[PDB]
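Single chain ahead, written as structure tokens, the form deposited without uracil.
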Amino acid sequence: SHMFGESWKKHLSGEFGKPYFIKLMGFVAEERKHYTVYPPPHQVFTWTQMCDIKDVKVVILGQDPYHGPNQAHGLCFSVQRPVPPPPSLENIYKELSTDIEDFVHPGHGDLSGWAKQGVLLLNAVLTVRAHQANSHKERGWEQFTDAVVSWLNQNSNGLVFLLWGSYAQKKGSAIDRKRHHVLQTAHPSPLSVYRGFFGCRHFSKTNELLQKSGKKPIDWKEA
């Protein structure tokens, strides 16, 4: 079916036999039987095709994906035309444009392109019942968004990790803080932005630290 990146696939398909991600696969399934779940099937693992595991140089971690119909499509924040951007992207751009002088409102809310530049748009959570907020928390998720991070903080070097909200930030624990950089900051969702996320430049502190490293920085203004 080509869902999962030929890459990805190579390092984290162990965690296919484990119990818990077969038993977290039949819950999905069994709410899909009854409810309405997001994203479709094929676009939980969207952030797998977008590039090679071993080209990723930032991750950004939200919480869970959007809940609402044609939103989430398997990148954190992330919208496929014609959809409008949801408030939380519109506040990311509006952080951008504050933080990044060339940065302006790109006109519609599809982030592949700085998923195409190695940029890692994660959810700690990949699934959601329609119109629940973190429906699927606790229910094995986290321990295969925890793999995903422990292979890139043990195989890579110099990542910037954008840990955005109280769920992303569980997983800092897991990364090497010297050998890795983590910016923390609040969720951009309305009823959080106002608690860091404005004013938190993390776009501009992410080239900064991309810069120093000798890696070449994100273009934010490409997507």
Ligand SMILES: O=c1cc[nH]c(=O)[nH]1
The other form holds:
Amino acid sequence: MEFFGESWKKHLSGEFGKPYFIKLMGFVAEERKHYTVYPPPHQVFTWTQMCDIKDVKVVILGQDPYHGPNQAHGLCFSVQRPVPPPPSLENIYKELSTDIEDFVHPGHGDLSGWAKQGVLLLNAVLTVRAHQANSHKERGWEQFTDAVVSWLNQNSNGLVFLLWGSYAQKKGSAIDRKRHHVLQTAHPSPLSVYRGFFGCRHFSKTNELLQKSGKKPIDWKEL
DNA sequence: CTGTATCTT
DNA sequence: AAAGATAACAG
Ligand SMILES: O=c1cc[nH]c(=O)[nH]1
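Form deposited without uracil already given; the form solved in complex with uracil follows:
Every component of the complex follows; first up is the chain already shown.
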């Protein structure tokens, strides 16, 4: 039992031996010696421990992990108790509130509830240097998350991809737009939320798309 | 008033 | 590549 959930490791292990991955892990290792890197090592792959890869139905793709102390824990936009929801998450909650009638602020920021239902909470970049947004971009993470997106794209069907922000949107070309649904909008951070995230209705839209594909909708309130 | 993207150069 | 300009609002 460890970092990678079994089904994910089984389908993503081929990346482990590739030079970019070995180099990526080396960079992250080196960074952790000189700076605080988020999330902690045992939580970088939390997104593989919530459900079987074949049970993924929705993929929310963010930019990179929260860069503040105690925030990031491996699920994009999620913070474990007792850490209060960061600005981005408060905005996600505000959107859910107007988008989903029954949605009410859960009193915490832990999104494991969605992840357990098949919502992959992935970030384009999986580690970040403390206090430096997107500091670990272009070091190899993108190729790894490309592998995750590619596998899902090729082996699943009717997945709903939620690409939040410019960086997450780089994965768009990797998805078969007829085989899957790709919804794109601005990143929920206060610095960009006003550019489309508010009013995007991605949560209700995701459920509509799921229902049309004959899949059970995500209970966004189940947190 | 300080901290939490996106576009342009 | 990296940083300036722009931007919106909570604590
Ligand atoms: O996990 C997170 C948190 C904030 N912003 C992101 O892109 N991802």
